[PDB]
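**Student:** What follows is the residue order along each chain.
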Amino acid sequence: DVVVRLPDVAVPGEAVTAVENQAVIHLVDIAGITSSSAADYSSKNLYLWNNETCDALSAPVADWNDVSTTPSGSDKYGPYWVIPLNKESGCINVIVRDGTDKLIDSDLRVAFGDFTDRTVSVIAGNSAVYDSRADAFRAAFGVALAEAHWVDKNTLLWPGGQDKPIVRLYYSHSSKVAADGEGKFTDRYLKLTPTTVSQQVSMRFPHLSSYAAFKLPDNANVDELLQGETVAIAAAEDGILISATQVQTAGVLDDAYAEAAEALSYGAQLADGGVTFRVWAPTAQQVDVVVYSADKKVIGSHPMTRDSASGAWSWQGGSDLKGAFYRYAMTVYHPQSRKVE
Amino acid sequence: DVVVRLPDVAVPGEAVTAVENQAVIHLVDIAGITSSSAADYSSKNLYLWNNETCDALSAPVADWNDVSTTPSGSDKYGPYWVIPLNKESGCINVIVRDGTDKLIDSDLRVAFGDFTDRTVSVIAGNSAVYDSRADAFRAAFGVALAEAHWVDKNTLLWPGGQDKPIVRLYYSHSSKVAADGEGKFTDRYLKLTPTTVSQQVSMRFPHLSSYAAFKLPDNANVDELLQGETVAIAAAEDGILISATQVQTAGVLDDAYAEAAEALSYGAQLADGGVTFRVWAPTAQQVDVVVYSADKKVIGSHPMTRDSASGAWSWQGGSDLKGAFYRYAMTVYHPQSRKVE
Amino acid sequence: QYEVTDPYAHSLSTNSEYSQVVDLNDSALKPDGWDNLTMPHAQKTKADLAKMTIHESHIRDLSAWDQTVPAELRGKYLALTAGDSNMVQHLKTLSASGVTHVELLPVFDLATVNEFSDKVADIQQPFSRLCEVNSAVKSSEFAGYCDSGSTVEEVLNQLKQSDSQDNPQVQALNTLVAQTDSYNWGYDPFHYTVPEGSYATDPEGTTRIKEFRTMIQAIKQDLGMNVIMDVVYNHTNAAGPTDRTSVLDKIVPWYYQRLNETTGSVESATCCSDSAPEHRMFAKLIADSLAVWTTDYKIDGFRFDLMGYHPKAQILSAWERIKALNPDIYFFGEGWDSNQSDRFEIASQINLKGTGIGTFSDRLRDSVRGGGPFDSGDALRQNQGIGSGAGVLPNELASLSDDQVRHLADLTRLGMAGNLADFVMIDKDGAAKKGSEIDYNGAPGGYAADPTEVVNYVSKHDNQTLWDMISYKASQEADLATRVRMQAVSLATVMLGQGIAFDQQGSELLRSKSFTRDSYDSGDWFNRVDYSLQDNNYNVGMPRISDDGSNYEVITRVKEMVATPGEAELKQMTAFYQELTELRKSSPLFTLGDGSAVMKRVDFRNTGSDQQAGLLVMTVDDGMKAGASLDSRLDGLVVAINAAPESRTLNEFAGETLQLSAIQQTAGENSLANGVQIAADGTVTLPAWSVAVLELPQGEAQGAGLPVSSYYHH
Ligand SMILES: [Ca+2]
Ligand SMILES: [Ca+2]
Ligand SMILES: [Ca+2]
Ligand SMILES: [Ca+2]
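Protein chains in written order, with the deposited numbering: chain A, 20 to 360; chain A', 20 to 360; chain B, 361 to 1074. A prime marks a further copy of an entry chain.
Just to be clear, a hint being listed does not mean it is correct.
[Unchecked claim] Beta-carbon label-pair distances, calculated as ranges: (1) B:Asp738 <-> A:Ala130: 24 to 34 Å; (2) B:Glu638 <-> A:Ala269: 39 to 49 Å; (3) A:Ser61 <-> B:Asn620: 20 to 30 Å; (4) A:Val101 <-> B:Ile710: 30 to 40 Å; (5) B:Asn1030 <-> A':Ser54: 33 to 43 Å; (6) A:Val30 <-> B:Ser500: 45 to 55 Å; (7) A:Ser61 <-> B:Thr453: 51 to 61 Å; (8) B:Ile710 <-> A:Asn70: 24 to 34 Å; (9) B:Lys644 <-> A:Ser61: 29 to 39 Å.
[Unchecked claim] Covered by chain A, per the in silico footprint, the following chain B stretches (three or more residues, Cβ under 8 Å): (10) 724-736; (11) 1000-1014.
[As the list claims (entries may be wrong)] To give a feel for the contact side, a few chain B residues facing chain A, derived at Cβ under 10 Å: (12) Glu621; (13) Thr622; (14) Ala739; (15) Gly802; (16) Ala803.
Treat the hints as calculated values from the structure; they're not laboratory data.
Using N, Cα and C, we set each Cβ at its ideal position, and we do this for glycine too.
Chain A with its partners taken away, still in its complex shape:
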């Protein structure tokens, strides 16, 4: 079974510096750098155009069918276009294409007051603008963004993994999924197989219905997977990384726990027979009730009981607790910080 690894290529250094009354846009070709073969950048063209917002362009082609705006040169890292300007101030409208097809989903707006050098870099389907080819390359060959969606126990939606030979769900309980000193992805994973978006899923997430669907293995331990980090990885037939992204798990959390979780009561439920503390935290590694005095000194720390069906944590104490102060001490992976908080 193939090991996912980084491409043996040095970090790029622009190759072209933007001069007076002219801008330079670099396409950082991922497919081009993963390949030891030369690339034909003829098909690559920018649909450039002047509007009320971004009008700094000098002579932009009107014809959308005009593929004539081909690269002003290239190298290993990808092509580049030396765009002529009217004014060194303002901004420009760039639509990066391969024929009459958008390479970057969003219409780019290059603000020269945001990139002083006018030497800018972009990656296909990235929407983002980088000041350097390096900054772009690092972003390209890293776990970046949160493109993938674990929408149900079995389904992972990801356009980035569409048509790719290697599609996997890498995971780490206590650490971040990364590349080692050898540039290899050694962390445990699951093999994903192409499938179609479920009728039930399309209803729930109409905004993702067009996204590429992937079936998780049947041996997948959904519960323990949601205990930590998960990363969606797309690689070549040889295992060279194309994309690594973080996973949005709300869909699966509703599909795995919400039915049971919905049938419970939450808070510090003080009733006859005592007080039941219940918090829903289906991803938390640990939850404890910390009970405080009026002076806010710890009076008790009680580890909670996890209900596996719901991912809810509970703890029962005496009616003596009426008026006590408390907080839940969490042990949980936060995808924003990529750490177990």
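Starting from the structure of chain A, add chains A' and B with the ligands where the hints point.
**Tutor:** Chains A' and B with the ligands only, in chain A's frame:
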């Protein structure tokens, strides 16, 4: 058990080019390059002197105790001396030293009509002069010369292996002992242990009595070792090659076979009862009698019988062979060509 | 419901409309004594193979312009029988000096030329003919010429006068001519196992079979060279139930073609209609096709177009199959990455190590030529080569570093030693590195097991001619004389290297395409080879706008930098070319064949960090330490290539008794070694832009020669 390997160091490129009316001698420091640590070349000095033969020197120190002729500079590869000249023609007398002790056994004579550039390189105990630091380095880190002497079944004499932590006898039946694509000495070997020159040996080879003695293991199969190549290897505690040399085996051949071999008759012994062909060839892998017609066409090819005690090969044929032409077809390793001829 | 021609057709009607029942074994289809025709050059051993010196020719390119060829035979197979022609006699001399093989650009049934005479018009004919056949010409900027009594050739030379980057009139008319011409390379298969009919005197019936065979007999017997056929199994010209040229996809739809996994659309990665050699029956078709060209046509070798699109297993299967009909058959092709590794183990340069199948090596090619393909604009000038003077004599646009230049030397040397994966050498930094450890754009530089698996070249039909590349890359300082030597120097790296020598027809005549990159349909005009030696066809118009328009500004900058070659320069280059080939055949040491022999005998000097740029010094051992005496006259060899404007010195062979090759000594002032000094003291002085073969004569017995470093093994 330690693997003998090459030093991870690029081949040197002189560092200093000899200019008008001045010569440059490079010391290629083997101990210096095998070491990732800096070296103190203060102790290094050349005893330079003018004589009837080599008089091209300019102001050579008379005092032998004068260690003042220290290096004119250094680097990773070793020191160098920028020697001032009287005339760009002729030659110079150089004695390379570390204090008041000769580093090169022989008194060097640098003929400027042999080395046009006047940029020359030398290695300690090498006696040879190289046009480049590269040519020297290659020589230093190669199987070079025939410094070692297998003088008896158990004894190997080699000054180059004196005081060295790793001393071994590498061997290859059908190939040359060399370093692989990783720069490792993977060929089979035997571990040598320091010993003293035998009374019997000192008698036989008085010219080698001062040479460093090494005991071969008791498991050593002397006979099969003499079937092919043997190379004496000296290495660091870490296994970085200091020296690799070819072995002179006449001593052991006399000690292992001569007693038995001396008691036999040689040639194409035509007597009553037929003709006995006998050739002494204790190292030959194969020997055959090839019998020829008067027209020199092959009439018979007979593989010979080897007597293990003597290393003599024999073959008996009829008295019909009186007048037949013959030659012995050999299969033998020749140390001059390093091949099985 | 349709009527389709046979994919297994062996004879056809005009324009391949109907298949014909034929018996290729019929005496009627054979030139006299065809049955007893033998291969003039051996191909039995790796050493036999390594001797291979290829001249890649095209049927029109050979005889379209040669007046000494009877008119009715111009652009025909039969042109090779014109014993008393400039072209035939030229090939005859090239063969005598060492060119061993003739490679024929598509001669199977191509789709892209109308075989009906009257639906075609060439430049040789009146302009009126062009308008009759071409509707478009009647409604274009040249419509006025339909009235003139002048030929298309005539009108074209007239347009030159005002041709400029701002007025590209020569190419504008050519584009229109090209639609109704007889000119195409032919990489558009209609029928794989029938000769092309337009190269025949009569395309109706079997006539083509006897004529083609007649050309083979002439090449092998009268010119004494082997034959290589260029083959295109990677694609078909068309698919679908409607295209006229769809044959295979009309018979077994969706089988023979490679289809997209989702849509079922025929893939076009190769251009055109991607075939599926991975499918059993198409693999069978390919093998059965090669069998016919092998025994019925007596072809000696095959060059597979875009071979990377084929599964390595298929190429090896076909090879074993063909070997049973001719055991000394050679297979080679373009083993570039095809991106089909998701589907099967591709027949690539890397994957074919030790298989016996040869691949073109782009490593030496790019190092010597400069840059790489896809280069456009100022990069065509900026990316100099060892032979354009990268480093040594830079041009005004160049920015190539010393390490960048040293790395090209590293790639060239490796190539000269047959681009082997295991060959150990001293790199640009002084490190000992295996060939596979030397980088080539992310790829292992060296990849082969034996030099017979590598084809080195500096010119081919595709991409810019060697001369055109030098014109783009040479410094303003390099005069016509040095540029002629620059061409020769470039060619010496191929001609004097362990790998198989391949070259484009015309390189010996400083061939130019006036900067045309993809000359496939640039007709007789751009692809002109003057066998009367008046010019190299340089500056004959602006090349095709569609594919070279982006390079017009670069062309104008370089075009007038130096004078156009004439009878004198072409004769000087032919003399140099003949010198190099003669040298190649002058010793078995130049063509070792076995990878192990290369490693035990081949080494280089002027290596390392401290190296002199443009100096390529190769040593070949025949000494006792190498093994057996291969050359009874020599003990060793030295190849010295000084690709620098400054003259250089060789003190490496200190006191070695060397002599210049008798081949080079006979040449005199016309030698590439003209001015090479060998001092009694073994010092060699090499003039600028020169090539020397220094030989170590053998004494009364094999002595120690030029033993290799033996710095590493494996
Ligand atoms: Ca045809
Ligand atoms: Ca055409
Ligand atoms: Ca594919
Ligand atoms: Ca010889």
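**Student:** A closest beta-carbon separation below 10 Å is what the hint needs, so does B:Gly802 meet it against chain A?
**Tutor:** Constraint on B:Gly802 satisfied, holds at 4 Å.
**Student:** Using Cβ atoms only, decide whether B:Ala739 comes closer than 10 Å to chain A, and label the hint accordingly.
**Tutor:** Holds. Min distance 6 Å.
**Student:** Would the hint on B:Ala803 be counted as holding, given a Cβ-Cβ threshold of 10 Å to chain A?
**Tutor:** 4 Å, holds
**Student:** Taking 51 to 61 Å as the hint, is the beta-carbon distance of A:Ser61 and B:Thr453 inside that range?
**Tutor:** This hint is violated: roughly 41 Å between Cβ atoms.
**Student:** Checking C-beta pairs, does the stretch 724-736 of chain B have three or more residues closer than 8 Å to chain A?
**Tutor:** holds (count 4)
**Student:** Hint B:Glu621 vs chain A: min CB-CB distance below 10 Å?
**Tutor:** Hint holds; B:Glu621 Cβ to chain A Cβ min 8 Å, cut 10 Å.
**Student:** Range first: 24 to 34 Å. Now tell me if the beta carbons of B:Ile710 and A:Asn70 are that far apart.
**Tutor:** The hint (24 to 34 Å, Cβ to Cβ) is violated, given that B:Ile710 and A:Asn70 are roughly 49 Å apart.
**Student:** Is the interface hint satisfied for B:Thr622? The criterion is a beta-carbon contact with chain A at less than 10 Å.
**Tutor:** Cβ of B:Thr622 sits 8 Å from chain A, so the hint holds.
**Student:** Is the hinted range of 30 to 40 Å satisfied by the C-beta distance from A:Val101 to B:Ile710?
**Tutor:** The hinted range 30 to 40 Å holds for A:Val101 and B:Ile710, with Cβ atoms some 36 Å apart.
**Student:** Is 33 to 43 Å right for how far apart the beta carbons of B:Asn1030 and A':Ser54 are?
**Tutor:** For B:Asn1030 and A':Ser54 the Cβ distance comes to about 56 Å; the hint is violated.
**Student:** Could you say whether the range 45 to 55 Å given as a hint is met by the Cβ separation of A:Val30 and B:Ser500?
**Tutor:** 52 Å, holds
**Student:** Could you tell me whether the CB distance from B:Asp738 to A:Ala130 stays inside 24 to 34 Å?
**Tutor:** Check passed, 30 Å falls within 24 to 34 Å.
Violation of the numbered hints given earlier is confined to hints 5, 7, 8, 11; the remaining hints are satisfied by the structure.
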